[PDB]
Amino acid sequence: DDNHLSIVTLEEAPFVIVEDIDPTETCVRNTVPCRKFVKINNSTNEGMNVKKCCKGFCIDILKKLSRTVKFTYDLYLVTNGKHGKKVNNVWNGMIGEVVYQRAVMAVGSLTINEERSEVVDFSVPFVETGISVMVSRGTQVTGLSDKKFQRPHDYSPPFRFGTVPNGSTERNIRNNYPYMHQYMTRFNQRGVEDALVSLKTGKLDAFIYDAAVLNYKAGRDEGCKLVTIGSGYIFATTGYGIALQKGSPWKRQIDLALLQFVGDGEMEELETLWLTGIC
């Protein structure tokens, strides 16, 4: 039927949080049912579908969209990849599910970009993001385009800053600030947590990463010692958006409903509930 939509998501707290079923075989509290294809091992395509329960910022958006746009859905978690890369000229992750028509739309912390926009249609953004900078409280830095980053050798002592390699951020820095990229390789971090330890332990002066993620981390940092730059200095501003199949008849209503939520204060209520920290 034209009203029951197949929808794909991806576990990535706090935007999507996956829990197990009630020890009453149903999903309770503020969670919706979501299935997952669970592999038998790591050297096979064989698997089984398993019932889960999903919640979070993006899931609450999906609940809002369902009552407003008036559609029902069957939610499932992506297994072949994460958000979506073109690997061997084939899209995987959430983007792949939409491009190859296995899903009507993708709900999660999916960044809108030009490359993905040529194979899917994105909704309007429901959360701003971009490339931001996080420092210890006290460090004077504007943003990515600061000369202390582009020409770090012009200042003494030079800033020590890095990112997590093989991500969107490193790719963007490589194409835009070649020398900055070369300098950053000796300071790159294994992951977000190791970066934050590096900032606090004095081993690193600045960490360059996804804007929405750094704000979420700064809001709940123990001691409120890590802070991010002002939103007005985020580089290459964009948003998280809902991906739909190109030419989808749902894009217009999804957009109107998202823009209503921004205007309603509903989107702010969700930000306060899921993303706003104590700092």
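Rigid core: the largest C-alpha set superposing within 1.5 Å between the two forms. Positions refer to the first chain, counted from 1. What changes on going to the form deposited in another entry:
- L204 is the only residue from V107, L204, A103, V78 whose Cα shifts by 2 Å or more between the two forms, the rigid core being superposed.
- Relative to the superposed core, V192 undergoes a C-alpha shift of no less than 2 Å between the two forms.
- Core-superposed comparison between the two forms: CA of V50 displaced by less than 2 Å.
- Once you line up the core between the two forms, the Cα of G162 ends up 2 Å or more from where it was.
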The other form holds:
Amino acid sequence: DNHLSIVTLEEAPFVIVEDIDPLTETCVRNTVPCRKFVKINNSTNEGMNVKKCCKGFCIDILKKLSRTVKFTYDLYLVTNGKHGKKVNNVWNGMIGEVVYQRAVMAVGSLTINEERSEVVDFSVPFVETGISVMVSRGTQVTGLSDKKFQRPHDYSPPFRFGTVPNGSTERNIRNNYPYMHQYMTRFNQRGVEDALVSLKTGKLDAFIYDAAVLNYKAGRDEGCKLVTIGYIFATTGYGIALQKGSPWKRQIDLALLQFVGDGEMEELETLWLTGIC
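I have the form deposited in one PDB entry already, so could you send the form deposited in another entry?
This part shows the chain on its own.
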């Protein structure tokens, strides 16, 4: 069967979620239907699927893949975690949906790394990313590997920096720099928006996060005060996650590379990711 369950996650400008027109219940323009399971209350796990509309860089990717690889899909937004974390030996988030066969593929701002690749297959990367550092213009740091992060109690006063927990960035820091990691927990941010506010108002000195998102955000910061250092550490990409041994992986890879070869990836990047700063 070629009608596929596909999971995604909101993260602008890669995946943007909009409310559907109540009078039509049809997604229009450059959007596609995507549903989200929403609980009725906090007593039980009873819920309903809500019909929404999704668009963005990764959604344009999905629509193109749908056409050249020839499949249809039922796209849903993950509600069990976010991108993917292994918790008590069980993967949650988009990665978990694929691992546990709830979704044939995961499409979104999903970072390829080694531990994920052990449990899912990734397509070729289709957006460059890795780990960057955002600061207010003026602040001097070199990148993740900087000693100002590695030994934060060297340097006076102590540098204030954090990430959004539970994604590939925290996973990388936890593995590579144990001291830096336990020091950052104090500055964990609930989300990118909170972090950007914390930076602009001097509550934070640096925000360590996915490069593709930080670059996009720097590109449209009001007043162009927020900038990314240098640079990217641990360069990898966003990839489409597929179940291990998936029959779809080969055509998906070939189609993505076709898009590169026909100039379409370059076009999509300038379309969705262009900054004014």
